[PDB]
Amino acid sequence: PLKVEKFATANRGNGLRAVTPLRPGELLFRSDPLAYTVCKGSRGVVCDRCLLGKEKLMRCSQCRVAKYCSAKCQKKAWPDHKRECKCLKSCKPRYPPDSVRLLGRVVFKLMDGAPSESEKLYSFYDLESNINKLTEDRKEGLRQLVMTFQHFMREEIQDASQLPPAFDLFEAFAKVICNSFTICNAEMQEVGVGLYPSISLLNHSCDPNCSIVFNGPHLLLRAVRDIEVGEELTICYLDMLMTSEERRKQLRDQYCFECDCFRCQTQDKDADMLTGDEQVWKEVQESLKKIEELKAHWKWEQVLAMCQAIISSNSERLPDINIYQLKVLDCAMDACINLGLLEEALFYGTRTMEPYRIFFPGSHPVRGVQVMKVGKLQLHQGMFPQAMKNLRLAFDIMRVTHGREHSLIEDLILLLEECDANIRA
């Protein structure tokens, strides 16, 4: 039986609440997507189906756009790819926005597929559109996405008879804007976008009591605090390394609400996040636009070079608790790990540990994963007591955020055993 239920909230639409008392780490729901796609940066880098990276991917011969890890993935993907394949082929060399490829897959799934377990608690039909809150600038954007979909899909979808009953493309894209999930790989790299309509019942908090984690396209929802019967379940929609001003902007622009948690009234953590010289951090925040774009496209050498120019600047430097500096350290660590510069990775990674302790309170999967990365780098280098410390800590966090149902926890258990054996010997 379910441990969660849909309910009507007082002022934030529908939500999800606990039916039984919940403890940290408890699995509350699990879902495959209604629909998902690889994201722009990762296309041709990770398998379309399993979202795992490979050195060499095999392309779909018909469209040459979909790429796969294996014959098993290409074949398994074919039913959900076959209609988009003709559209992707037709519009070559144009490639659509991710939202447009996503909605195409939504439409084909709803037209051709059996009712989806992803819609058990709540359906695409039910999703919030916020249409009475959209600004004229947003409505113009949505109009353009509708016309882009009509162009991209024209080989497969010519009229309304090929859309679900009463389906309105403008409304559908408004639902995609505020109900898209970013799918992250095991290393917390963004690799895809998906719709998970049951999980879309969860409302936002800047200090949430649940968390989601991805294992390929599969989503696990877990409690990360004690929760009482009847208590609303929340997740944080946003990256933790954001000031209240930045959260306000994104919650308005993407989700059309004003968040009234304690952290937002009190600007909790903002001052410590913005320590250091403001001219310098403004420059680094600007440089991060490019660094994050490069990272999104897995360009690790260009990422490292830009990060080193900041971390080791001749000019004024920032404290590592400054969130822009911190994001630069984290990109530099990940670029080093991917490039096999393991000593340099560990330097950057260890610098992030105290700031991550501060900015990811409680049990947050991003901190779990960071601590595991650092442990693994220390294990490699023969630093056993320190690795063991960090691997235990990663486990204390990831037992709650990831759980036994997540494959990374098995990987971590193997590092723990290896490290323990080394210490014992």
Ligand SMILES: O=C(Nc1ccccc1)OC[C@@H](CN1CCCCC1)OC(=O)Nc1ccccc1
The other form holds:
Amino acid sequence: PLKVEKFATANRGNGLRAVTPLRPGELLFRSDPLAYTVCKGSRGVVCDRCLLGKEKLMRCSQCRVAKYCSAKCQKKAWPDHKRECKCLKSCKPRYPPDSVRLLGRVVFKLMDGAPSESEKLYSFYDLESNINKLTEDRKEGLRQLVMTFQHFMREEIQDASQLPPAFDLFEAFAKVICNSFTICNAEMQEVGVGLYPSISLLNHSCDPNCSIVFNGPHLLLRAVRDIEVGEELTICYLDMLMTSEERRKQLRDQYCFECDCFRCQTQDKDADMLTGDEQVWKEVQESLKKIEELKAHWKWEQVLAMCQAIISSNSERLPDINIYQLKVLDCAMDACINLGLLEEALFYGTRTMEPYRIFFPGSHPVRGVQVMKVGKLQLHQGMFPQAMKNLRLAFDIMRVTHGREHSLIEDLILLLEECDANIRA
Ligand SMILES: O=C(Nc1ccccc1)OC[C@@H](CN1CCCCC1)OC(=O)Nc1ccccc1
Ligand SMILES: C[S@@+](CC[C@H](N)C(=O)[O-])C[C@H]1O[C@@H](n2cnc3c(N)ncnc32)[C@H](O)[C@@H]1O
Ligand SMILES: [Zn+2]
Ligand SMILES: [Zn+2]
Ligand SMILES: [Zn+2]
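Structure of the form solved in complex with the named molecule, please, following the form deposited without the named molecule?
After this comes the whole thing, all chains and molecules, with the earlier chain placed first.
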């Protein structure tokens, strides 16, 4: 009972196409991960199982690496965790890269788990490796990952008899490179990485007709515009706040392809993204390397101090449509929200609104969430007509990008009903 099918494309490998016309908001596929793990920066901040941020988390007894919010989460995680637990115990004080911990979970799921529904349309065995396009530099990095894997997993995997038949570690890490999904929480904070082999049939577009969203580790795939019969389904692999040049480099380095899409041919939005003084935004782009690192580790006080030094600098400033200024405004808004500084969060949040409209066209889940945050801030401060306007805009977007199957849509409906009741009274 599916509206999509695998097919062989003319020049981008296998892909997914619609077998019937699709309309905005239509759910096309949903999947738990084949395997997933919390990311470096969120380890110890979010529960290893449900990926939610809780202040009280309990370490697993044996390895004291995995953390859980509840007995329920520890129990539901134990099948995925039992064999890596001894390895993490084996390997402390060292912690292995996310990709190595992820592939460990793949190998254990394929060795010990029932066939996974995440592989319904496409399996880990099927995934693109791009090995004949990897540079010598990439291949050397892959060889280091293999040896790191062999080290980390020695307590549980000694020889090939404990790997799937004809399982090649080098090809396996090559697949992880170009098929890994970044798992975001409801607030669009990156909290994990996973493999979803059926979803990995989707080729990329800088102007996609589909979008994915995460509800915990669970993934929803939705159409975000009208799609004709037989049309290829695409998602955007990349953050929207990137120039065509930046997209080219990342698509080359990680995915081994050159994008022929119409936005890349025309450098669509590049000029407006880079307005302001070049010397100023080069420095902000540098500072953002540390700001985003701090944010990935949830160090909100330090994020905020670094952002304020830019937003309210004594030296030259950038227009809010400059993508690097815009990223700074967004980091500062999220830090204020997490620190309970709601007046400041709203000031930064409202400044992001018009640039987000430009740079996230149509229905994009990231703009839907940003608008909902600004609406919620306005609601908590008693600005009801303005909050209502933004909450309704968020719903117009998120009914398409998130849908009834995403728990966040229920929370938005509650905010809509509360803010409406405040206006009616
Ligand atoms: O209150 C805040 N932050 C917050 C506060 C004021 C203004 C803007 C944001 O976080 C609480 C957290 C816990 N939920 C409490 C209510 C239902 C159960 C879960 O959910 C969220 O609101 N996050 C969220 C996610 C996406 C978009 C907007 C907000
Ligand atoms: C997640 S996989 C998508 C499915 C892939 N086509 C396959 O056959 O398995 C990502 C890989 O698909 C290819 N690809 C994805 N989007 C592309 C595009 N827009 N143009 C050319 N190749 C693309 C690249 O090889 C990339 O590394
Ligand atoms: Zn949990
Ligand atoms: Zn453990
Ligand atoms: Zn493109």
